[PDB]
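Q: The residues making up each chain are set out below.
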Amino acid sequence: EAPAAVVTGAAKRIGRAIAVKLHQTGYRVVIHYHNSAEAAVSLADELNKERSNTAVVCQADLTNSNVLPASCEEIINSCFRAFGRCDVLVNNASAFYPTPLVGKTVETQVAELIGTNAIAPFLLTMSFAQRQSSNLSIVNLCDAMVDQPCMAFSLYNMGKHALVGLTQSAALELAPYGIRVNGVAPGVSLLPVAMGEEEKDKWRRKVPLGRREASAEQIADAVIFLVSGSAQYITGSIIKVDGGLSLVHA
Amino acid sequence: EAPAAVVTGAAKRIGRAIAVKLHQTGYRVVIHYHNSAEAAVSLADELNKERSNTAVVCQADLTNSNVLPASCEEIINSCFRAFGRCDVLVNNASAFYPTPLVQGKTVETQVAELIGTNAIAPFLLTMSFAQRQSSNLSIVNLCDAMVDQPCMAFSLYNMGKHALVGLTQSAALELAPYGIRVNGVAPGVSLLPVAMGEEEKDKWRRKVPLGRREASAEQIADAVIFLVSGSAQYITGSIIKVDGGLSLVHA
Amino acid sequence: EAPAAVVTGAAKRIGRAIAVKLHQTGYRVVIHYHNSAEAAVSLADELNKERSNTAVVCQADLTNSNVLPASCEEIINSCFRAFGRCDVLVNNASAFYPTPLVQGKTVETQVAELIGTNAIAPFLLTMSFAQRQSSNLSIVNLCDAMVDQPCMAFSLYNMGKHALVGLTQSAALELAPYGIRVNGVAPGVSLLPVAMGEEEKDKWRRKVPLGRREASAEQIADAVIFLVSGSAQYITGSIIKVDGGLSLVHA
Amino acid sequence: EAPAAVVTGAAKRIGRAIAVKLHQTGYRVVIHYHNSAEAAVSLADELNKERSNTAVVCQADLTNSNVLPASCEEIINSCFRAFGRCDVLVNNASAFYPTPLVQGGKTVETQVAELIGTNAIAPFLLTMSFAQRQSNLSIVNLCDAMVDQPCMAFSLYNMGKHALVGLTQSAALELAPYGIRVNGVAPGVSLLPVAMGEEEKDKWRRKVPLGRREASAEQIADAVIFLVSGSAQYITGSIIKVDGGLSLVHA
Ligand SMILES: NC(=O)c1ccc[n+]([C@@H]2O[C@H](COP(=O)([O-])OP(=O)(O)OC[C@H]3O[C@@H](n4cnc5c(N)ncnc54)[C@H](OP(=O)(O)O)[C@@H]3O)[C@@H](O)[C@H]2O)c1
Ligand SMILES: NC(=O)c1ccc[n+]([C@@H]2O[C@H](COP(=O)([O-])OP(=O)(O)OC[C@H]3O[C@@H](n4cnc5c(N)ncnc54)[C@H](OP(=O)(O)O)[C@@H]3O)[C@@H](O)[C@H]2O)c1
Ligand SMILES: NC(=O)c1ccc[n+]([C@@H]2O[C@H](COP(=O)([O-])OP(=O)(O)OC[C@H]3O[C@@H](n4cnc5c(N)ncnc54)[C@H](OP(=O)(O)O)[C@@H]3O)[C@@H](O)[C@H]2O)c1
Ligand SMILES: NC(=O)c1ccc[n+]([C@@H]2O[C@H](COP(=O)([O-])OP(=O)(O)OC[C@H]3O[C@@H](n4cnc5c(N)ncnc54)[C@H](OP(=O)(O)O)[C@@H]3O)[C@@H](O)[C@H]2O)c1
Ligand SMILES: N#Cc1c[nH]c2nc(N)nc(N3CCSCC3)c12
Ligand SMILES: N#Cc1c[nH]c2nc(N)nc(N3CCSCC3)c12
Ligand SMILES: N#Cc1c[nH]c2nc(N)nc(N3CCSCC3)c12
Ligand SMILES: N#Cc1c[nH]c2nc(N)nc(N3CCSCC3)c12
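Protein chains in written order, with this note's numbering: chain A, 553 to 802; chain B, 3 to 253; chain C, 3 to 253; chain D, 158 to 408.
These aren't lab readings, by the way, just hints derived from the structure by calculation. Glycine residues also receive a C-beta, built at the ideal position from the N, C-alpha and C atoms. Hints may contain errors.
From the derived model, a few chain B residues whose C-beta atoms are all more than 10 Å from chain C [unchecked claim]:
| no. | residue |
| --- | --- |
| 1 | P5 |
| 2 | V43 |
| 3 | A62 |
| 4 | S80 |
| 5 | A84 |
| 6 | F98 |
| 7 | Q151 |
| 8 | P152 |
| 9 | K209 |
| 10 | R215 |
| 11 | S249 |
| 12 | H252 |
| 13 | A253 |
Distance condition first, Cα-Cα at most 25 Å in a straight line; then the derived BS3-like pairs of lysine-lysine [to be verified]:
| no. | chain 1 | residue 1 | chain 2 | residue 2 |
| --- | --- | --- | --- | --- |
| 14 | B | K205 | C | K209 |
| 15 | A | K754 | D | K206 |
| 16 | C | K203 | C | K51 |
| 17 | C | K14 | B | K203 |
| 18 | D | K178 | D | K206 |
| 19 | A | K754 | D | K364 |
| 20 | B | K14 | B | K51 |
| 21 | A | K601 | A | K564 |
| 22 | D | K364 | A | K752 |
| 23 | D | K169 | A | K758 |
| 24 | A | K752 | D | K360 |
| 25 | A | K573 | A | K601 |
| 26 | D | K364 | A | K758 |
| 27 | A | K758 | D | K358 |
| 28 | C | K205 | C | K14 |
| 29 | C | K205 | B | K205 |
| 30 | B | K209 | C | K203 |
| 31 | C | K51 | B | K209 |
| 32 | B | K203 | C | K205 |
| 33 | A | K754 | D | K358 |
| 34 | B | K209 | C | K14 |
| 35 | A | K752 | A | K564 |
| 36 | C | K51 | C | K14 |
| 37 | D | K360 | D | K206 |
| 38 | B | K23 | B | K51 |
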């Protein structure tokens, strides 16, 4: 039977590309989304056209709250309900915006930034593991620039740092169950919609390898390697896919 | 007049030794505490016996919730209220317990406690500290030398301490233009947990290359003192391991 | 026309597994060796029996000396002589033995071998590789996942593997504009030393969270093949651990 | 009895400041120099003027060669000859210049010998000699906060500073049972190279978050003083950045 993967925030951009590549590799997919219903459904329909009954969607807010553990259990459960199994979890969904130290309240910002980037991945990991020639693994989308952060992104950066912790802690704890846990750490990949080209170019010009951002597919390629049979000894590793950006001094 | 410092979880163990050593150095101190009211009040008495009106206690839960920001604001406000200034913040308070991934508090409570005390409260305290501001302003965060070689089944804790590294770095960057330095001190094995059995304590002691023993609370405090001092005025974003070489030892 | 690769120390163990996998992927290969001539020739024979004129051997000492630069130039030149191009360089050859700080070979010989093979020869091979240059050019350095948790009394070996991390990063930066990617693969416990008895092997195996066993040579080679592939064309300056979680395990 | 310290490359700049502060703290000092004899003697004269027979000079090239081990043994021996003891070793001497990988005075192997010898091999040999000849004993290695974000075309220098991180960590582990602590101080931008253009100096200064200026030599020395002190007696294998946040600033 075909293996199955959950990809969070999979309606657009990197998560979409990850879902597509997994599908092309032979996985059935749960496309998790928050607000982007039309795009999630569009993707599911495209994937099911290619092969019937191989893609479903699952809506959830991954903001931290009292109901987050249940929402996370329900995402994993939907993979088991659709496909009978859950082999791969990709923690991709992420809130990203500034929170300077000096209309959303700060606790709402905490909930969203820390919930999406850290707590939801932890809860999803718990639910994934509890539900367990297998090749089980988790891939967390990290940040190559986590030790050279953008100015005034404290909470975002804290979330991504916590995600490195999770990757390492879960790699250690789940290794006896045969579940590998790794990361992929983009530098500059797809830039924000509507960011002016002139500002995109300030970031692009910093990248040693080609003075361009990573495509979503280039990020997805590293995810594919990590879930593959060619990575069966690899756990707790975080692979930068950054064109050398992180090596560049100020 | 004398500078002033806030130390969180300062009623006992490492936080107490930090508060003591700051006070010996010249600081007026806010002794924050959660449950350890008797020990906090007793420390404030000891320090005030040495120099009157140089210590106050301040009670707060640093578990994450919708009122955590107000609580953190109030800790900083309590230093200004007692002393008219706030020069140093030491983020020492910390929950520490296992949260296994695979099968009596709820998981949401565990998240709130472990992530709140180790990460969110230091963030909010840092915000309130900066907002309220010769001078030598700085923050010291109590980190963990074993953050990349964590205890088995401590994912939430480890996540909190990793986030604390991120905060230390991010706040060092953002607050540098205001002359506020932000650094860390990362113990390996120091005062063993009260609940840990004697055999397990001896197991941990035996892992430490430099002396086969735990760091004293005073040894940790010595590093905090250095970082807040005039001898550390160009140091920001640095995390100093005080671990006797423990983090260097392979499995 | 098929691309071509140089693998240093390729007569056996991990270097052989890398050359075999590259050859299976469609590369022509230069099998560098130092003392292991029989094994090297035996490998070239096997690969050439599979596809004619696709493997050659190349002998060189990679100990540091005043002629090491000429030796490294000649290794690269051997790939151009055989195959008319050189797309991939794998720096695998390595001396590995203790050098106690307190107490056969003179210390300067130990420096020349340990630092030469692990760091200086990779540097010179990298210079020659770059100087001699649809296309997918890259270099892969065999690093060590335990570089920050080293074996006791292996100072010079550890210094050499640390230098190799530096080269990997420096070379990635400097050669990015030429389209040459520079990455590493960092084993933890893979094939154990021939001189190690089974009991000592089992002590190391038991340390590994993922399966309590060493990485196969093929498992190491798999990570090399990825980094040289089209699937890694935005990856440069990255060191991939292939260690089964070993580096995450505390003392 | 006053403790004694060896400081390599102590005639000028950061090494001079380290020698001065150690001396001011109560140490007797060996001022090592290569080319700067006039300056080394001028320093010694100044220090002996404060306290008679507390400063001596010691000449040596620290370029790697057949004779480097003997030269390093004699640097340590000079401290025991002058003062009867050797408590502290500061590995400060360093060659620093570019070594491009791609080319359009020195042979590349001479560059290897200077850059890797001064920054890594001489520190290793001085460490062996220091430990062999053996209280608050420690070693401090001058590292580089930008070791993972290196200057373009400085591969060999960077390899040497990476190897020094390895030595710091390896020696911390191996010498801990002897009570010898081994730590590092990692500047970012401190005293700018004398041959750097003034416009290039201001470009580096403007990058620094904490004050948009370089560290003074004394602010670097302050961190050395902490690490050798009784306030750091549980600290080994630690590298303290003194970089004003520079290493945290993205491209
Ligand atoms: N792009 C880059 O350059 C870059 C750089 C470094 C790291 N990364 C990381 O790589 C991953 C993918 O990057 P990306 O740029 O493609 O991400 P993105 O577009 O910023 O976010 C991906 C998705 O996250 C979901 N999300 C946001 N808030 C959510 C919430 N409260 N609950 C549930 N889902 C939520 C959204 O789903 P809906 O649209 O359905 O609402 C969104 O489409 C992220 O983890 C990101 O942090 C990206
Ligand atoms: N001891 C070690 O070996 C070691 C190792 C690595 C890192 N560290 C770090 O160094 C610091 C000091 O360690 P330690 O062992 O002295 O700490 P500890 O005794 O575990 O905790 C210090 C204090 O934190 C406070 N605290 C706990 N939960 C709290 C909450 N919800 N709200 C407010 N305060 C709370 C407690 O105050 P009350 O008693 O008043 O309730 C406690 O006394 C901690 O950050 C720790 O993680 C220690
Ligand atoms: N095995 C592991 O568990 C492990 C762990 C961490 C890192 N690594 C790294 O991964 C790589 C492969 O490991 P391995 O165990 O397969 O290596 P290895 O067997 O120890 O050495 C591979 C080859 O290095 C060559 N070599 C040694 N000294 C040389 C010299 N002076 N000049 C030229 N070549 C020389 C030898 O060639 P001849 O036989 O032709 O003389 C040898 O066959 C190495 O870089 C190693 O440091 C391995
Ligand atoms: N300045 C900075 O911004 C900075 C930044 C990062 C790291 N660092 C590190 O901090 C330390 C001090 O920096 P600095 O700028 O003061 O150093 P420096 O002036 O570049 O060098 C200090 C001394 O090294 C000695 N030296 C050079 N080559 C030598 C050789 N072949 N044999 C013996 N001695 C030799 C010289 O002694 P003579 O003059 O007697 O010949 C020189 O005066 C160095 O380790 C450096 O790498 C400095
Ligand atoms: N868009 C988007 C991001 C989603 N997660 C990100 N994380 C970082 N560290 N940077 C980001 N960007 C702003 C700097 S340039 C690369 C894009 C993003
Ligand atoms: N008490 C306490 C701790 C507070 N934060 C800690 N962090 C770690 N990684 N270990 C700890 N300990 C368990 C190992 S032995 C020393 C104590 C503690
Ligand atoms: N053989 C071999 C090694 C080549 N480079 C190595 N580097 C380390 N840190 N360990 C190694 N080993 C000793 C620990 S068990 C696996 C082998 C080797
Ligand atoms: N002098 C001197 C240096 C000795 N080691 C150095 N390492 C780095 N990474 N930068 C340096 N400088 C050039 C950049 S500006 C600060 C000085 C030096």
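Q: Against each hint, give a clear statement of whether it holds in the structure.
A: These are the hints, each one checked on the structure:
Residue-level check passed: B:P5 sits 37 Å from the nearest beta carbon of chain C, beyond 10 Å. The beta carbon of B:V43 is kept farther than 10 Å from every beta carbon of chain C, the shortest such distance being approximately 38 Å. At the 10 Å boundary, the C-beta of B:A62 stays outside the reach of chain C, the nearest C-beta of that chain being 32 Å off. At the 10 Å boundary, the C-beta of B:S80 stays outside the reach of chain C, the nearest C-beta of that chain being 38 Å off.
Even its closest Cβ contact with chain C, about 41 Å, leaves B:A84 beyond 10 Å, as expected for a residue assigned away from the interface. Every Cβ of chain C is farther than 10 Å from the Cβ of B:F98; the closest lies at roughly 15 Å, confirming the non-interface assignment. Not every CB of chain C is more than 10 Å from the CB of B:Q151 (nearest about 4 Å), against its label as outside the interface. Some Cβ of chain C comes within 10 Å of the Cβ of B:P152; the nearest lies about 7 Å off, and the non-interface call is violated.
Interface exclusion of B:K209 from chain C breaks down, the closest Cβ pair being 4 Å apart, not more than 10 Å. A cut-off of 10 Å between C-beta atoms confirms that B:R215 is not in contact with chain C; the least separation is 14 Å. The beta carbon of B:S249 sits about 8 Å from the closest Cβ of chain C, which is not more than 10 Å, so the claim that it is off the interface is violated. Consistency note on B:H252: stated as away from chain C, yet its beta-carbon is not over 10 Å from all of that chain's, at 4 Å minimum.
Not every C-beta of chain C lies more than 10 Å from that of B:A253, the closest at about 4 Å, which undercuts listing it as non-interface. Distance check on the hinted pair: B:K205 and C:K209 sit about 17 Å apart at the alpha-carbon level, within 25 Å; holds. A hinted pair counts as satisfied when its Cα atoms are at most 25 Å apart, and A:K754 with D:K206 does not qualify at roughly 57 Å. For the hint pairing C:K203 with C:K51, the CA-to-CA distance comes to about 35 Å; that exceeds 25 Å, so the pair is violated.
Straight-line distance between C-alpha atoms of C:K14 and B:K203 comes to about 45 Å, which puts the hinted pair past the 25 Å bound. Among the hinted pairs, D:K178 with D:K206 is consistent with the structure: their alpha-carbon atoms are about 15 Å apart, no more than 25 Å. Between A:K754 and D:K364 the CA atoms are separated by roughly 17 Å; this keeps the pair inside 25 Å, and the hint holds. Note on B:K14 and B:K51: the hinted pairing holds, with a Cα-Cα distance of about 18 Å set against a maximum of 25 Å.
Between A:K601 and A:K564 the CA atoms are separated by roughly 18 Å; this keeps the pair inside 25 Å, and the hint holds. A distance of roughly 22 Å separates the Cα atoms of D:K364 and A:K752; the hinted pair therefore holds under the 25 Å criterion. For the hint pairing D:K169 with A:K758, the CA-to-CA distance comes to about 36 Å; that exceeds 25 Å, so the pair is violated. A distance of roughly 24 Å separates the Cα atoms of A:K752 and D:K360; the hinted pair therefore holds under the 25 Å criterion.
For the hint linking A:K573 to A:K601, the alpha-carbon distance of about 15 Å falls within 25 Å, and the restraint holds. Proposed proximity of D:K364 and A:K758 is supported: the alpha carbons are some 16 Å apart, at most 25 Å. Between A:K758 and D:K358 the alpha-carbon distance is near 21 Å, which keeps this suggested pair within the 25 Å criterion. Only pairs whose Cα atoms come within 25 Å are accepted, and C:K205 paired with C:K14 is accepted, the gap being roughly 24 Å.
About 19 Å separates the Cα atoms of C:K205 and B:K205, which keeps this hinted pair within 25 Å; it holds. For the hint pairing B:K209 with C:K203, the CA-to-CA distance comes to about 22 Å; that is within 25 Å, so the pair holds. Among the hinted pairs, C:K51 with B:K209 is inconsistent with the structure: their alpha-carbon atoms are about 53 Å apart, more than 25 Å. With a CA separation close to 24 Å, the supplied pair B:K203 and C:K205 stays within the 25 Å bound.
For a cut-off of 25 Å, the pair hint linking A:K754 to D:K358 stands: about 24 Å separates their Cα positions. At most 25 Å may separate the alpha-carbon atoms for a hinted pair to count; B:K209 and C:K14 exceed this at roughly 37 Å. The hinted pair formed by A:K752 and A:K564 meets the criterion: a straight-line CA distance of about 19 Å does not exceed 25 Å. A hinted pair counts as satisfied when its Cα atoms are at most 25 Å apart, and C:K51 with C:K14 qualifies at roughly 18 Å.
About 40 Å separates the Cα atoms of D:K360 and D:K206, which puts this hinted pair outside 25 Å; it is violated. Pair hint B:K23 plus B:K51 holds up; C-alpha atoms about 15 Å apart against a cutoff of 25 Å.
This entry does not satisfy hints 7, 8, 9, 11, 12, 13, 15, 16, 17, 23, 31, 34, 37, going by the numbered hints stated previously.
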